[PDB]
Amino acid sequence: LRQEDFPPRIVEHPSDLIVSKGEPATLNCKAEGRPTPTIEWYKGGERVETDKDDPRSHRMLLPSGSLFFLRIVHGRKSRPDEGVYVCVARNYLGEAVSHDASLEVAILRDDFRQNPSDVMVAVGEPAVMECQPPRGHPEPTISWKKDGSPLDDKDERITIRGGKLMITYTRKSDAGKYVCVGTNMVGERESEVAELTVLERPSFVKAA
């Protein structure tokens, strides 16, 4: 047995990650060298600031070389965590750079861009309701509920298209409470209840 000295070598590379805003996240990376290479991380070719640079920071450089995020920060006016990462190991002999890992963030807001509205329709005519759900990543898919049950378009007179719900050949049983639901991997969001009133011609002339 002896002692030695050698240029930096990466054994474990970071892996692509999908995490939601506010969750903790780890990007793994472990090196070998003699020293004892100082580890560094780069997002889109900028040094990542951690608890060794600023002691208040939400990121920690773990002794293992993994980058650990106390919480993924990601909002309207700042998203400083998502992006493409590389760990770089170094001593006086050399340098090892790892493969790219992308940190992608899943988010769903609470602000509905537009709630559906009460609508009044006359029996036999078509009715239209409108929804645009909050922003999201990925963008949420839109379903609807009537009177508390999911709504479905295996039923021939119900069409769901983009933002709009359309019921054709209205009858009295369509009158109810309609809510619009936007959903992605992070969760679901519910709109304000809109109310459909369906009236006979005579009292449609009266109300309208």
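Residue numbers count along the first chain shown, from 1. Compared with the form deposited in another entry:
Panel note: of 28, 59, 105, 140, the residue at the hinge between moving rigid parts between the two forms is 105; all others are over 12 positions away. Smaller rigid part rotated by 40 degrees relative to the larger one between the two forms (C-alpha superpositions, whole degrees).
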Second form
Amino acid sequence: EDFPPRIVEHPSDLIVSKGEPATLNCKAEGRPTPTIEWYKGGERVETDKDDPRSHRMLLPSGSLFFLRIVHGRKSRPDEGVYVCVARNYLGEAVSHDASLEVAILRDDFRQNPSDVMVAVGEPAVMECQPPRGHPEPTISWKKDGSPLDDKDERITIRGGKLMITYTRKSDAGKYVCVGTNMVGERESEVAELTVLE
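Any chance you could show the form deposited in another entry after that form deposited in one PDB entry?
Lone chain follows.
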């Protein structure tokens, strides 16, 4: 016996990089088998099943596959809020909405660290702020090519602050703050800690 459609899988939010394909999931049940149609900002989205020229494929399940995420300066027709709608003669079911998003990481830091000159046993503090990014760029540090870990308690890394409680001469070196999101790494310009005594 025939029954109205029901959404089985709603689409989940998606951040993806420019250059990468993407898939928004949807799945319905119904008898007769429901058709699946997608809407972005409440506007019907063309698929290859509508028009062979589309860069978007509607998969057998009704998920929406973007062969390329269009996001240029002056047009970006793919990022936004999406909903799938399942239909048969008996009715319609709509999904919850999902955002589709292109990740972004700037090459150039919000605030570079600063040279510090300090004497043995005195605190050395370096502050950093990474580029704007989505998702937000998390922070790490490097001295003369090698990662810094706060695994060793004499260094405190927290927020944008790197603190060395009691400077050692062996702490003299080139410091860079590193910026990281799904897009890639980004390195600040190098900072000189100098240690007197």
